[PDB]
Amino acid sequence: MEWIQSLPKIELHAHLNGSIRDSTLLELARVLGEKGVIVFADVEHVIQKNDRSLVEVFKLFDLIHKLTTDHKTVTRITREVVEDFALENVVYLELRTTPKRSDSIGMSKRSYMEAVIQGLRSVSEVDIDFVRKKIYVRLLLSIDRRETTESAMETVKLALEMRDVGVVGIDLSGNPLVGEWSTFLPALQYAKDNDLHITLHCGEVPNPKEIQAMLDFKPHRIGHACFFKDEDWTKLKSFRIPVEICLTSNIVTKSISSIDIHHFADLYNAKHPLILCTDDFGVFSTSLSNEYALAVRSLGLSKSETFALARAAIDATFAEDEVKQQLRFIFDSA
């Protein structure tokens, strides 16, 4: 019910371009149709009933990226996403995004990320700390599974350069059927050796060797873990790696057949760290409050158990100890 919306919450797995307001996406589509760069009726037709199954949803992401890969838009959607999360009482957000290169518009991975920073500086409806509601924001740079080792290294280099504006870690994301772990391991190792924190999209499709190789790398977090086998769970629980749980995402993409069999319940009962996350609240028509409502109903949690779960996410953040202490005070005040 309504008490979940006012619960202080921590979001650790939200993609910038998957978190866009419906109205904003349509406004961008409309402006580009008036320009004739797209046809509004087609782009609206994919937006409406793309299946968002695992295979289908990446075509929607391709389409979104045609609408949003521009400096002004990146700045706008960064502000809108932070404000949307803060207004449902997210008090700490790790926002992840894949820096993009587009030569025709003078966009580099660095200038893309500068537009994100400009968006954070434009936040006005709420108070923000990124290095009246208040939200702490920190940044993850995503490496996409289509990239090369050299390209991944450029992203890691950028992340190190931008630690002064709140970049705290690196993610590996994108189509789980594309690319090989061997391509990304060297760049992720460089990141980890430079004290960046690492989260990995892991087990979105069956892939026993890659799941084991990702676990053996000992990232600080993983996302999803939908197609783990018993040896994978054993290693995960022994390494104590927190899992970013994306309930609606997993169910809509058909990575998990039902919330009633979703592994988040086993993790909860095994006292393994988990954090409820939105993944793409725009694409999947959800919110972090609604993800908690799904979990509270399915597990049968009391208010007190829900508050305890939400608070446990503090020690899984990639934030400095000072920020974690402030989060503890915020939670202990609620």
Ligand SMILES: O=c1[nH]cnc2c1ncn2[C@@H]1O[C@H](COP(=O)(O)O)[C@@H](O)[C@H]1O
The other form holds:
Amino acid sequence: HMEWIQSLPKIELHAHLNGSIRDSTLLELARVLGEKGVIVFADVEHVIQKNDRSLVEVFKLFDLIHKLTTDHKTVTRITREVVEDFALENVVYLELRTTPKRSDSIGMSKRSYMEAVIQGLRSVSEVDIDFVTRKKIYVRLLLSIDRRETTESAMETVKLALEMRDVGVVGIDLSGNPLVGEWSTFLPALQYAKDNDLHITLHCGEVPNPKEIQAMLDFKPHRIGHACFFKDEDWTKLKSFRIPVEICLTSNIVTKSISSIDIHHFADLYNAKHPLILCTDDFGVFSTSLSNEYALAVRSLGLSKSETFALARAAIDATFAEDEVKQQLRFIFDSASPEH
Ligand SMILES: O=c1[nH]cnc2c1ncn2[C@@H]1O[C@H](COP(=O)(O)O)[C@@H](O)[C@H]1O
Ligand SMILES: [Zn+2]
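Provide the structure of the form deposited with the ligand bound, given the form deposited without the ligand shown above.
Let us now look at the entire complex, which starts with that chain.
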């Protein structure tokens, strides 16, 4: 069964760039930076292997990753590697999200960080890529606002995303530590993005926060991530607004946001015929792949091949891609439909 899942064409809508790095690359970068003295390799490798990746604790790990990866040449490298890995497991469409970074000591701006991501996409050679406007993969980009940021800084990210629509930026994400920051800080920037026809996805309900969950739903983003701590009134509103949910099974269970796959809300959403999309979140941090996520879901719901194929194909109308791309995806899935 895992073989048929691996060959299934798949759509990834929730994958953070610096959460998707290969272990071998992360440790290579750790070794190099150690031998330069920027850090102590044994300690860094130890936080890499020891971190329990509970929620509070995952964000410590990201602060460490960012010390290893915030340089233009590294951004380019990991962008290429992430696209390759997804393409190799037959992801045919990827929305990759990343937080653009500022770092004055190396002359890195949010814009130059993103230019390094584009360079990564241009450097992809193992597979064919469409990112502007042999496996082939369509890639489009989401710029993330981190909940640590100010309204002004969030607006800088939205302005950059509008400038980069010609190289495949299609939307904005709100992510980062859900215990930090206030919705009122980010709402004005997200509203500007939405009024400029960017699509919006929000990390929503990663921790209990009833007023924030309601405010995010009332904003009517185009998708939401996770929804782990929704209450009944939140589900009612979500189902009537028809906002698709990006479901991250391994991430949710590992962080203990959801106590087990047998109670995970994706089963309720599936049976309610509410749109959901299986995603990896951070396949490096959480040691998974999109195929493995599909395998967990197929086992837990007991889906047949055709039900699984139908679920995978349903994600097309949740993408933020232009209509021409969705028609190509419909052709890719229609072409694969009888083998499933
Ligand atoms: O579980 C999650 N919840 C909220 N934010 C996350 C999660 N996983 C990754 N991220 C965000 O994604 C970033 C890592 O990818 P980056 O944006 O490419 O730097 C982190 O610094 C977080 O802000
Ligand atoms: Zn996420």
